[PDB]
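Peer 1: Now for the letters of each chain:
2 protein chains.
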Amino acid sequence: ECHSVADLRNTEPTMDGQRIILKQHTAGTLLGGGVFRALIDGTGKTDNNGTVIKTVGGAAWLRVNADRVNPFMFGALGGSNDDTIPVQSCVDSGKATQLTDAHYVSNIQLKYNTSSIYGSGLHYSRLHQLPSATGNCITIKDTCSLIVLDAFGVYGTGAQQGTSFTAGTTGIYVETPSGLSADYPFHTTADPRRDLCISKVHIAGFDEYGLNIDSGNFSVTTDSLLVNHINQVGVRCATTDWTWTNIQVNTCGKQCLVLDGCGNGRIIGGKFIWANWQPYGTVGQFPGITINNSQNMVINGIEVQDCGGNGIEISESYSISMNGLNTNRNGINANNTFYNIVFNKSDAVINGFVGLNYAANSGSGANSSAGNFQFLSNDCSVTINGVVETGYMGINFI
Amino acid sequence: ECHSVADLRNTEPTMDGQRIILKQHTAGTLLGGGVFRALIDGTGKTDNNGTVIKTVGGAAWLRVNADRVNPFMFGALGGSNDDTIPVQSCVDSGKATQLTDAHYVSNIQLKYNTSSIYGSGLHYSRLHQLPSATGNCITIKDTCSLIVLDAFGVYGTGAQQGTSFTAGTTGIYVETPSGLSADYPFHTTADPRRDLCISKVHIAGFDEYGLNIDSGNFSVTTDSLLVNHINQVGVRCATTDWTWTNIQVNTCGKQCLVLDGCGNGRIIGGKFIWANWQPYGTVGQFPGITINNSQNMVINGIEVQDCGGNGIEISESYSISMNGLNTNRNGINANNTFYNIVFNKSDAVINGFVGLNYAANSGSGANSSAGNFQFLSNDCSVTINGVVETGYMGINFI
Ligand SMILES: [Cl-]
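From first to last, the protein sequence lines stand for chains B and A.
The first sequence begins at 266 in PDB author numbering and counts up by one.
The second sequence begins at 266 in PDB author numbering and counts up by one.
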């Protein structure tokens with residue numbers, strides 16, 4: 266067998282379709298091996314360092330691999346190695362990537378409609394940003410549509426509970442599109458239609474944002490996204506026309522969620538807890554959720570609980586519709602100070618509201634919200650329906 | 266080729282990285298074979314009977330297998346064979362498991378963040394509990410977090426329509442956590458943060474419970490869970506802080522769903538039909554859904570229909586919010602006797618209620634609910650809005 270791709274490049278096939286065995290990609294590693302088939306005439310093909318290897322006399326060895334690629338095929342070593350380049354080659358390869366293990370990277374870009382990534386769990390199959398890297402661990406570029414990101418973790422320096430972060434990092438960024446193509450869904454140039462699903466992905470341990478979807482991107486679907494341990498903002502969205510189902514964000518130093526300039530969004534099933542988490546040392550108050558400058562939002566079946574300051578702050582927003590909403594036991598950083606929903610120059614229709622303050626119910630004495638609603642201005646038009654005061658006994662008269 | 270792993274254990278390599286072909290795991294079967302590679306220095310590697318095989322001389326043979334394991338790698342035979350140990354070895358292996366076929370098991374435990382399981386369908390790829398086994402077919406242990414269970418069946422004795430059950434069986438049990446770790450998500454000891462996803466899993470044919478999530482577990486997500494043919498209770502949950510989407514439970518001898526001591530839960534999209542199923546012979550009335558001793562629940566877009574007794578019984582519960590609810594044509598075991606929603610010492614806000622009783626509409630004469638609402642106590646605080654009486658013609662004056 267050939268002992269490495271370096272030797273494969275020095276091995277000329279003598280017959281078309283010739284089978285060769287590659288022991289491993291890189292000498293002494295036993296990783297990334299496989300069977301390859303030769304094309305004597307290799308014009309048209311480009312060496313990519315893992316599934317198309319070209320020889321000195323211009324043949325192409327083709328890896329026999331019907332479906333997805335994995336970083337080991339392109340030279341990844343796992344462990345403490347920097348696997349950025351092999352991961353980047355996978356997503357650029359022309360096929361979906363499967364993550365089979367944990368791989369350190371610095372920054373990765375998804376560019377094509379083939380740049381899907383699949384794992385097998387929210388922890389063990391993962392990309393992990395190297396400690397000295399800054400910026401976005403994964404960026405979805407405006408040329409990338411119709412992909413799936415499914416069942417893997419995106420972890421940063423602070424991923425483990427109670428640990429410190431690398432400044433200036435983001436887990437997944439969706440960049441603002443710079444143009445509009447006219448050949449969707451076959452486009453290869455900038456286009457606003459992301460039309461992609463992020464499903465069962467776990468983001469943890471970044472500084473600025475877990476997930477940050479910038480303005481101008483349509484139909485970024487999330488489903489069962491799980492974000493935790495973010496030094497600042499768990500999830501930011503600044504765009505229009507999307508649906509998220511079953512989002513969960515937990516333990517953020519500032520907001521769990523920022524909606525800023527959003528429109529025509531749906532959130533269906535969500536849990537935002539432990540925002541403004543005091544050990545993360547953020548200076549100042551931030552709510553569990555900011556809804557700012559937004560409009561035509563439908564937010565159903567969410568909960569905001571155990572946040573250090575206000576629950577939900579709705580500001581300068583029109584036509585916010587919420588149906589089934591649980592906010593309780595926020596204001597945890599100073600007792601009897603903060604409120605579960607704060608309205609400022611906004612209009613909202615809230616139905617199915619509940620909010621049993623479990624600290625008042627148990628009589629624990631733990632810090633909790635002074636009450637459910639605060640109006641910071643008198644020009645809001647708001648309706649609220651539901652169980653505004655729960656009706657438990659009141660062991661501590663509150 | 267080596268004829269069996271037993272032979273492989275008696276085959277010393279004489280060159281590091283040496284390739285060997287294994288025809289099959291166990292003699293005669295033609296299953297579980299593949300290519301392996303030698304480590305002459307075996308130490309620090311443990312025989313696991315499918316992917317790491319140690320020789321009498323201390324070398325390790327390592328299966329060439331980048332991604333998921335399957336039970337056939339570890340000696341499973343399929344068909345009528347008890348594959349419990351092969352399947353247990355997979356979920357213990359350090360990688361996710363793929364089920365490629367139906368395997369009989371007695372009882373499996375999921376213990377690690379690597380213990381994911383994937384199939385390719387809600388039926389053909391499955392675990393099937395042996396008629397000789399009792400207890401939990403799958404137990405998720407309190408050390409197991411961040412896994413995915415996706416697209417496979419979990420079947421017991423009664424899975425086929427109209428068949429009998431083995432006493433004392435449960436499909437999937439999530440045990441009560443015995444401790445709290447301080448290094449999530451990298452924990453290896455008990456923790457309440459399950460943070461896992463059960464997606465497109467079909468549970469059928471168990472005695473006591475299809476799915477039973479015990480108290481103290483956070484964020485067990487379910488997505489497109491299908492439970493049917495359960496002798497007693499389709500799904501029981503007794504915990505807090507979770508979301509389920511598109512749950513369907515069909516044909517249970519007692520309740521389709523028990524929420525007992527739940528809080529801060531969301532169910533979005535659900536159908537619970539044919540509870541208190543008379544052929545399963547249970548003694549007594551059980552509702553489609555029991556909500557007992559619960560609080561701060563948001564339950565949107567569900568349907569309870571065709572159940573033998575009451576539709577939904579809400580008892581000793583605070584702050585139950587329901588937005589979009591369909592209950593009709595329950596009480597099928599005795600005409601004109603049972604009610605679609607029964608309130609007992611509970612508070613609730615129900616919006617977007619509908620309940621066209623299709624049997625009264627068609628004039629079939631089939632047994633159905635006496636009416637939509639019954640109050641067993643007068644200390645309830647309840648708001649109900651929607652279409653309380655549908656307004657069809659009334660062929661039989663009802
Ligand atoms: Cl909804």
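No lab work stands behind these hints, which were simulated from the structure alone.
One or more hints might be untrue.
Given that identical chains are not distinguished, each listed pair holds provided it fits within a single copy or across any two copies.
SDA-like mimics (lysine to any residue), calculated; alpha carbons at most 25 Å apart, straight line [to be verified]:
id: 1; residue 1: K376; residue 2: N515
id: 2; residue 1: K536; residue 2: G323
id: 3; residue 1: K376; residue 2: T441
id: 4; residue 1: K319; residue 2: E266
id: 5; residue 1: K310; residue 2: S385
id: 6; residue 1: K610; residue 2: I663
id: 7; residue 1: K610; residue 2: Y657
id: 8; residue 1: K288; residue 2: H388
id: 9; residue 1: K610; residue 2: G386
id: 10; residue 1: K536; residue 2: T408
id: 11; residue 1: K406; residue 2: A367
id: 12; residue 1: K406; residue 2: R333
id: 13; residue 1: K310; residue 2: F662
id: 14; residue 1: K376; residue 2: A455
id: 15; residue 1: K319; residue 2: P278
id: 16; residue 1: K536; residue 2: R458
id: 17; residue 1: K465; residue 2: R333
id: 18; residue 1: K376; residue 2: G427
id: 19; residue 1: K465; residue 2: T311
id: 20; residue 1: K610; residue 2: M658
Peer 1: State for each hint whether it applies.
Peer 2: Checked hints:
no. : hint          : in the structure
1   : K376 <-> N515 : between (30 Å within a copy, 24 Å between copies)
2   : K536 <-> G323 : neither (56 Å within a copy, 52 Å between copies)
3   : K376 <-> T441 : within (14 Å within a copy, 42 Å between copies)
4   : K319 <-> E266 : both (17 Å within a copy, 24 Å between copies)
5   : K310 <-> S385 : between (32 Å within a copy, 24 Å between copies)
6   : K610 <-> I663 : between (30 Å within a copy, 22 Å between copies)
7   : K610 <-> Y657 : between (33 Å within a copy, 12 Å between copies)
8   : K288 <-> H388 : neither (29 Å within a copy, 34 Å between copies)
9   : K610 <-> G386 : neither (43 Å within a copy, 42 Å between copies)
10  : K536 <-> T408 : between (32 Å within a copy, 23 Å between copies)
11  : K406 <-> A367 : both (23 Å within a copy, 23 Å between copies)
12  : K406 <-> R333 : within (21 Å within a copy, 30 Å between copies)
13  : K310 <-> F662 : neither (77 Å within a copy, 62 Å between copies)
14  : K376 <-> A455 : within (10 Å within a copy, 41 Å between copies)
15  : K319 <-> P278 : within (11 Å within a copy, 32 Å between copies)
16  : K536 <-> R458 : between (27 Å within a copy, 14 Å between copies)
17  : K465 <-> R333 : both (19 Å within a copy, 18 Å between copies)
18  : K376 <-> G427 : between (34 Å within a copy, 24 Å between copies)
19  : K465 <-> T311 : neither (34 Å within a copy, 32 Å between copies)
20  : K610 <-> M658 : between (35 Å within a copy, 14 Å between copies)
Of the numbered hints stated above, those contradicted by the structure are hints 2, 8, 9, 13, 19, listed in ascending order.
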